[PDB]
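Given as structure tokens, the chain that follows is alone and in the form deposited without the partner chain.
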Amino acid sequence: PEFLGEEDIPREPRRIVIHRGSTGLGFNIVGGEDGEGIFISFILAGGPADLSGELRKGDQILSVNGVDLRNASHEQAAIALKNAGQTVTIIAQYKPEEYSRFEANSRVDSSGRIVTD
């Protein structure tokens, strides 16, 4: 029995293309205060982000269509994503410890997964 859970989630940056289609992009973000960063907090089942299969809760969004968002405000990230067109190219990086600061009663387990009590 070879569980995925027991193997580390890659920590290096990745490139993900989402296809907006006829809905939103299917995820929510938190953060954006004073350069703390923009993090994915929720991925909607069946939505474009989910259909991509390459994003997760705890990913920081480093850029949208080449536009740097590491230090962007929440409103700025939202605007950029809204305007990024049909084909949205995201650079993302999994940062669960940093993400876990934002979600109440959450922490990172020894496998690097985000847990919430």
Given for the second form:
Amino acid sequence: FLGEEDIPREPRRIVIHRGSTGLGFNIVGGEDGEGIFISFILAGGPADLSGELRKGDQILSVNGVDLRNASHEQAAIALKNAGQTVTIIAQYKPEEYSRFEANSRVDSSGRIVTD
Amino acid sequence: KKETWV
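Alternate state requested, the form deposited with the partner chain bound (shown: the form deposited without the partner chain):
Below: every chain and molecule of the assembly, starting with the one above.
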């Protein structure tokens, strides 16, 4: 029933409490201000358990630190050093994301499809 | 090209 509803494109706040364990997602991007995007979310990891992040989300900030224009390595450092409670502002940007992943495109509901 | 696990 859900799969035809448009994925919301407004920014959201996500709070993940992960102690001293990994967040459980991978990032792509960071070159020349392209943005930092979630590319993979580990099943059973803290990001998965949040239920509030998906592939193709841009990370706008972590703990108030603006990552819109971050480099890949400094983004990764910000995330890994954010502390036990990690407050992410995210925004779903599937068109931008789709340019990174082979054979990917965005459908009418905003979902990323890979042929 | 980079991908980092966090």
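Whichever C-alpha set is largest while still superposing within 1.5 Å between the two forms counts as the rigid core. Residue numbers count along the first chain shown, from 1.
(message) Using the rigid core as the reference frame, would you say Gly21 shifts its C-alpha by 2 Å or more between the two forms?
(response) Moves: yes, 2 Å or greater.
(request) Could the core-superposed CA displacement of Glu54 between the two forms be given in angstrom, to one decimal? (result) In the core superposition between the two forms, the C-alpha of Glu54 moves 0.1 Å.
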